[PDB]
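Okay, here we've got a single chain as structure tokens, the form deposited without this ligand, with questions on binding and movement later.
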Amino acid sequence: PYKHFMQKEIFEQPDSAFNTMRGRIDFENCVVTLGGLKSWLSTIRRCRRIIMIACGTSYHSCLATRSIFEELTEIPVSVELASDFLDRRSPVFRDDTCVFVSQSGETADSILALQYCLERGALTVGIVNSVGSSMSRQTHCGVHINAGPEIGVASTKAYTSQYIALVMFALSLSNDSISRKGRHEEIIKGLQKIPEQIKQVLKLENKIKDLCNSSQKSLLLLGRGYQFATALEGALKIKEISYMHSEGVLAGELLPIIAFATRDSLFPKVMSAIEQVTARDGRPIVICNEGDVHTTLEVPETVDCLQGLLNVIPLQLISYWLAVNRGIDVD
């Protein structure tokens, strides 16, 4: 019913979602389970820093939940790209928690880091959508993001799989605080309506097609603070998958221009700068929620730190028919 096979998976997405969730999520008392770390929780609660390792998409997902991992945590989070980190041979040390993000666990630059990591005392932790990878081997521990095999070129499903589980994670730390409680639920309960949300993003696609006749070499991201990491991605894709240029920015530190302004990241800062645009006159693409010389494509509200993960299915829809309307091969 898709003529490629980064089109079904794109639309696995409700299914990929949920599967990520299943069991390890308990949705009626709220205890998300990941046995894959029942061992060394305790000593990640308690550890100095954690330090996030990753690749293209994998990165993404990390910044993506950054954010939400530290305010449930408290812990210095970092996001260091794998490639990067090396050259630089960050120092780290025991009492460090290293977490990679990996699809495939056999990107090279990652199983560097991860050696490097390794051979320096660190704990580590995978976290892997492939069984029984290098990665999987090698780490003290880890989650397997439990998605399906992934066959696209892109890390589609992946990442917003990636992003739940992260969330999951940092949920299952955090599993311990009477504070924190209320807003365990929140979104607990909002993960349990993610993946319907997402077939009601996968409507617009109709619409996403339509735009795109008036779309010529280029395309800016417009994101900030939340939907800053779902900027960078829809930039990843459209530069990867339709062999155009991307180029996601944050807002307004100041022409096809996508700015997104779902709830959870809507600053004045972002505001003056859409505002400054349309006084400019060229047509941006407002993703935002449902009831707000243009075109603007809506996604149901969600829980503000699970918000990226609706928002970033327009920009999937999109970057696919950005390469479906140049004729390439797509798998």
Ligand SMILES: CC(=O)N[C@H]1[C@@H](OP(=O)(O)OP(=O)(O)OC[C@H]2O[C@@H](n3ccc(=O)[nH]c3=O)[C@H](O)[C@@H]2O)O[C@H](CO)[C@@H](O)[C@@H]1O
Second form
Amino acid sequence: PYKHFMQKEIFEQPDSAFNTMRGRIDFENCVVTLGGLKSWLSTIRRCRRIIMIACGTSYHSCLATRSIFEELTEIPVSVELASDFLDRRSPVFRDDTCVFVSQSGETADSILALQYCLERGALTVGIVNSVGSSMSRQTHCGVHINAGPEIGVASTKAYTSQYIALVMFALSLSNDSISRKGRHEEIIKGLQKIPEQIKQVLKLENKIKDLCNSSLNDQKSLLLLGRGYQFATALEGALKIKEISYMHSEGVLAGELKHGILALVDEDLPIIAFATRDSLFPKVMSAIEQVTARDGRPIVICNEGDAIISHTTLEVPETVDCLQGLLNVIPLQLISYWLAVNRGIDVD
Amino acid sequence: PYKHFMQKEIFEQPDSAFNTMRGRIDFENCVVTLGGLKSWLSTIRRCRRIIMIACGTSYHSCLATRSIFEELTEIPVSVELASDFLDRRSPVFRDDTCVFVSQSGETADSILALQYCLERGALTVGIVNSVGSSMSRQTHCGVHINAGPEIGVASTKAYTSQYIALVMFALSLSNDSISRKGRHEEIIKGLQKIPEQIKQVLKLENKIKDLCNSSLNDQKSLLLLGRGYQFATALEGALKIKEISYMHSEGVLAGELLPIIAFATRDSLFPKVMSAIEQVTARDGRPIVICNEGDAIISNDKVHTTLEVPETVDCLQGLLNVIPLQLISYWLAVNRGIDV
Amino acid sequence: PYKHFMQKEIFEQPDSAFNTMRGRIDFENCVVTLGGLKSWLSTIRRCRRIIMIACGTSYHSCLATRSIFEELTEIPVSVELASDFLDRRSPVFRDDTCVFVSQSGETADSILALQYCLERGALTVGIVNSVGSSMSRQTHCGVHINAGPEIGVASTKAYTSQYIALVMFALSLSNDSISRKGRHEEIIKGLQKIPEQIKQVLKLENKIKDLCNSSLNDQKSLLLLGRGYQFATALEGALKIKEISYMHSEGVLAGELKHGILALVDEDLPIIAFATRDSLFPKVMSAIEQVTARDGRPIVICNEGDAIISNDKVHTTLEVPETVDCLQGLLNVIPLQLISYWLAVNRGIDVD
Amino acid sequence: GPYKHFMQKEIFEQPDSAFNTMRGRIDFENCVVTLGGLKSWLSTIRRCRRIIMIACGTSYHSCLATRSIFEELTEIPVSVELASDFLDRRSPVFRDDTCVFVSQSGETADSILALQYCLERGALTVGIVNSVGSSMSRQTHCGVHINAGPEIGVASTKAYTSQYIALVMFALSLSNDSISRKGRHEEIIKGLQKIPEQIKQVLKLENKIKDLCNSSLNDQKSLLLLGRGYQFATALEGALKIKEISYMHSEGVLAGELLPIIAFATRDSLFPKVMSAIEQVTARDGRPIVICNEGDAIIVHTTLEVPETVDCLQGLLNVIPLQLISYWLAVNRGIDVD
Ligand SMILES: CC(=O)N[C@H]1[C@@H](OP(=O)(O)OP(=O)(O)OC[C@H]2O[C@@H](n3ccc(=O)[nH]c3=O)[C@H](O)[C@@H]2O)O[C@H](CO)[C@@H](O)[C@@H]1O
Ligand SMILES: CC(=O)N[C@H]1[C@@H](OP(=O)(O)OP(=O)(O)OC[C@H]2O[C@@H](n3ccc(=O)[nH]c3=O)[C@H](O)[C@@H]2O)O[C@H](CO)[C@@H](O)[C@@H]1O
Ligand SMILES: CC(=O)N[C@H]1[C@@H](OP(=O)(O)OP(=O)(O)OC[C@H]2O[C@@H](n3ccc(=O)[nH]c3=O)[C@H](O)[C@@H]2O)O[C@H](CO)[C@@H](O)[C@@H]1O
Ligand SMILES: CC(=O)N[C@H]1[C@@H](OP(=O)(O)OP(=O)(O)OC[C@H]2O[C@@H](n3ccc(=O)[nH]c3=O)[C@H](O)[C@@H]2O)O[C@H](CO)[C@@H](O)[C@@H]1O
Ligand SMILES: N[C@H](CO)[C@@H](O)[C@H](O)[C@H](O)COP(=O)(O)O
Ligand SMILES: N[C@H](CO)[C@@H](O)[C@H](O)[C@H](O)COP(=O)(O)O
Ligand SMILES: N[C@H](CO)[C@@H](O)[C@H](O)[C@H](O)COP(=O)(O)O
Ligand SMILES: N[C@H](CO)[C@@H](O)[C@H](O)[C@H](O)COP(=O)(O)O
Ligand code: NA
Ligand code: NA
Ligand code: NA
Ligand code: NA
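Cool, the form deposited without this ligand is there; where's the form solved in complex with this ligand?
Complete assembly follows, chain above in first position.
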């Protein structure tokens, strides 16, 4: 019933999200159990630091979850792009836990980075979609995300499923803390509602098809503004637009520069801003204002009922702050898909 | 005899680079001595990790020197933008060494980041230009970079002076290792020549003026391609272009996925850089290539502009590579009638 | 009504044990709150390792609680004798948490070790009885143990109060762990019973007095056998006998050597063995059997009701209430304090 | 050979076993230590939260004798555990611990149980073992075979001094990248070069020690050994030897912290508290046996003079008269030490 595998995969997300969590979360007692990590957790905690290493959209899923790992675990977490990690010859030692995120489990730069960490004595952990792929075999332990196959060239359901797996991994690491208990529960109860909220967000597709037809198809570039939890989503949205739609795009840290890209925008170029409550910073408001003043008409992704400015609005349900990126990425997936098909591009 | 403070400050770099090292490097014996830090070095090293925290060009100087800190010290080093560091409520603890880089020592997010780290019991180190500014006073210890006052609106000499001070800090932290003695000597001997090499690089100004006179100056954006040590230079070039020239620009990790400037000096001449360049020459895209004197990155059968710079030690190459970008950003602004 | 400050201080222990815990343990909700440390706990935890540093009986209170600190916190814990720490010039750094235990807060070697750690940038924590003493002032934070003044020359109540404060510190450090909750609850409920159990143990005095009036008073040496939690108690018992009774004494790790001191002892050499359930190891039973095999007549400190040596073999028992394993040392040391005291009295020594 | 007992042979063999332990491993001219068993593991061993040395009996003493030099040269926390007590406390161990197991036999039950405990917990394990291919040798990740040759006497003698040498070489190897350590490294390496000949010289104290053991010293019930600092381990090991071989009670005491008396008063460990303890003894006219450096007048007493070596190597020489005293006290008391 679907034009492309990509469209099918986007629409499959309530199912792929549920299947990633299946058998792993007791939503009643609020307990997370990851069979592949279970016996390794005590060891994983006992590291100097966690280094998340990935390429492309998997690198984004790491940026999207870095804050929650830091918050729940109080272990240092850094996020490396695999190729740049190898280019710097970054030192790795026995006391590092290196977490490798990959949909295919076969990306050359990820495998090379893995081999480098393995040779240095680090503990290695895979978060991988292709069961028994090279990355799954070669990591010491890990989690198969169970999202099913992706045929679309750009990753959609693997991003949301990876992000969920990474959240479950952070919850697992912090499952012995009294002080964390209430935050754990909050997140777990939030995760329970994600698949249905994704169903809801997918109902934006008509408004999105209209927006592309009326304001976007014709455009050479588009700028995405985000901060905090939503900066990763701005980078991922930009990558989707670039890969699928063959249009220029850039994710920008909102309001970081006064005199930067926004002091230098046309009253014409399309701008999408993340203004959901989890990442509604004064710098995001100033960025939006600097657009409206200039007579740009921003596209605002925000939570249902919110009045961000006096523009096009795409409303999404409100979830737990660290989960909001799971909902906010979906309209960007749909935008990139429709922009591409409306240009005769094959997305499969 | 300069039109603007920015032009004066760019041309001051052989002197500011020299002044940053003055009294701190024994070039004969290859000994670095940072008075502000030396009784603190054993404690700085005894940390779980180093967090470099800064904004803007100062954040770039951190990115430009991260690899040499990690290489020489084998201490984990992460680099944070002060505002994003705060947005995440990044936990920090007694075992962190937090290194704050700031020309002014007054930038609001850098200050708030500092106070946050201090409240959490971290050791704090300032790399600061304004002596006795907030950041200078409130950090436990530090190095004044001694670049002199910087009055241009965009940072030029403070970037190259911050980068030098950071390399001296990394050398200081690693001064007890026999295995890294040769690498220390290499870098220190390389640093001695940087001021005279900056003088050489400033000799590109005429070629750069000729470039900024061309229809380059009516472009809406400029892309900069770099990788490894030169990725920070690409990000900093793009900031200068946006800040000064009012032209859009983006620094791109070369080959990871309209005028184009590509960094192709030997320190950062990766296969991915070459393939990115080839992609541009395949569509006869006429790239501007920053490369080392005498290296033909692109054949004569493709139109391209070359800006040759001296070869230095790999982790010092960014000190020279940033200079043409400073000059391009300045002359683009002048050609566009911008009072820099 | 007491003959000496030392006697009074021994018999004051139900009250001092209570006083150390007072206002710090919610026994109903099982919460420990140490005001002196509360806001420093997250920082104390964030260390490479804990170094306990002390002299004499205060050093023994560290040995007596090392295992529970290790168990509850999973942070490396080492215990140093202050003078030896200084002799080795042991390297200390910013990532070390240094814990100084001292009754007086004025012992020279403890103060020198503190200054050494302070100047090296380590976090320092005092567990001190004398309020506002040098160690109390100079440590970053700490717990005043609240045992009251100790006038006896040998430490009695400050030992049990230090030991309790250290257990409370260990509980405070591990109070965020779900997996530790049952162990915390077990220990805290145990602590609540310690003051009344100390009172029970003190009822042993008549038996001990009779024993000190025995063939025991005549001999020149006494060996103590202990393992595990009770090794510290053997060392502290030997120190008390040496310091107070002026008799030679040695605390011996039980059954460690098959042909060590026990293969050499005279039939009539006085030997005290700790055989309470918390430290009743096969090696302890081995050592005890080696003693009785040679016709030795050991004194057995064991839990109420337990038969460690057959009634067929001559031996003395001093029975003590059973408590939580890591708290048993609080009860087991009491008879040694009383033995050292009555051995001294009977030899004319003035213990004050 | 011309020796009455294996134990006597093995004592007198120490110049040779000390040399053999070092052979092929120390370049004395260039001051370079190379331990083949460790070469590829050193960078990893250094990257640990801490080092735990774990051993029994005399091997536990060799850890105490070298703890200080490990701490000094490496700035890694070093703790020393008796294997049985380590197990008794169920002391936690983790991935980030380097656990160093010292054993002559490589077969001691508590040492093997402690090794398996550490292995299951994911610690890096390092063996310092005399019997090649023994349980401890095979099952540690990496290690150094001490090359002392077979030891048949039941009190360890040559295995103590060879374990102690092996451990010092291990400490030197861990700190071989430090510029600030270089002078100290060279001092200790030049010191080690002279140890075998210095042990030859100390063995010439034998007649003086026989004279001492012919006296009423052999009729005593207890012998107290006083030491501090580097020489505390020596005092413990001396006491163990007297108990194991001589069947006389002995205790190693930390000098001046609180009957024949031996006091270690060599310059490496000549603390105020040692001098105080010695004065206490002479004040009551107790007649101490003093082990001190050649030419030193420490203070009726007996003096056993030993050559001066580097502070952290002095234990290697000081232990030798204790081994001889234990052996001749046994012979005088009619005990077959074999
Ligand atoms: C492969 C397999 O039989 N998985 C079963 C396992 O799933 P479970 O979810 O427990 O484990 P995973 O499928 O995630 O992992 C399988 C194994 O692969 C390792 N691993 C995984 C990913 C990675 O990147 N690297 C890596 O080493 C894990 O540590 C584990 O040993 O128990 C479930 C019942 O609860 C079953 O329904 C699953 O079919
Ligand atoms: C400011 C000052 O009087 N500097 C003097 C210092 O230079 P020197 O180069 O030794 O020291 P710096 O100027 O770098 O540092 C001055 C002091 O400020 C501290 N600090 C510095 C920067 C920072 O961000 N945070 C921070 O805490 C340093 O730890 C130091 O205590 O000794 C020289 C003599 O050898 C004199 O010529 C300089 O005039
Ligand atoms: C001595 C004192 O005023 N104690 C008061 C403190 O008891 P509380 O039990 O809260 O505190 P302690 O007496 O244990 O500690 C007093 C102070 O001294 C510090 N410290 C203590 C011991 C040490 O060795 N080193 C050290 O630095 C502590 O960190 C603290 O700042 O607050 C209570 C209010 O609830 C009062 O009833 C107590 O009278
Ligand atoms: C046993 C062996 O083959 N030794 C050879 C090795 O000596 P070399 O001195 O190089 O090595 P060792 O004999 O010390 O150790 C041999 C191996 O056993 C390991 N190990 C050792 C002790 C221990 O307790 N645990 C442990 O795992 C080492 O890591 C190494 O892999 O090369 C020399 C030539 O260069 C040969 O003369 C020796 O015959
Ligand atoms: N086109 C996709 C992104 O949607 C690619 O960029 C991948 O994300 C990138 O190659 C990493 O792939 P991986 O997740 O299989 O390791
Ligand atoms: N305009 C400059 C860039 O050249 C700014 O981005 C500064 O670099 C940034 O504000 C940081 O300032 P600082 O170095 O004084 O803390
Ligand atoms: N005589 C007593 C023991 O009872 C002494 O050993 C002290 O315990 C020792 O001096 C330590 O004193 P302190 O706890 O005041 O620091
Ligand atoms: N009798 C000897 C000591 O002289 C024993 O104490 C051993 O030292 C002890 O059994 C350890 O043996 P090991 O070094 O073979 O592991
Ligand atoms: Na695997
Ligand atoms: Na300062
Ligand atoms: Na204090
Ligand atoms: Na082995």
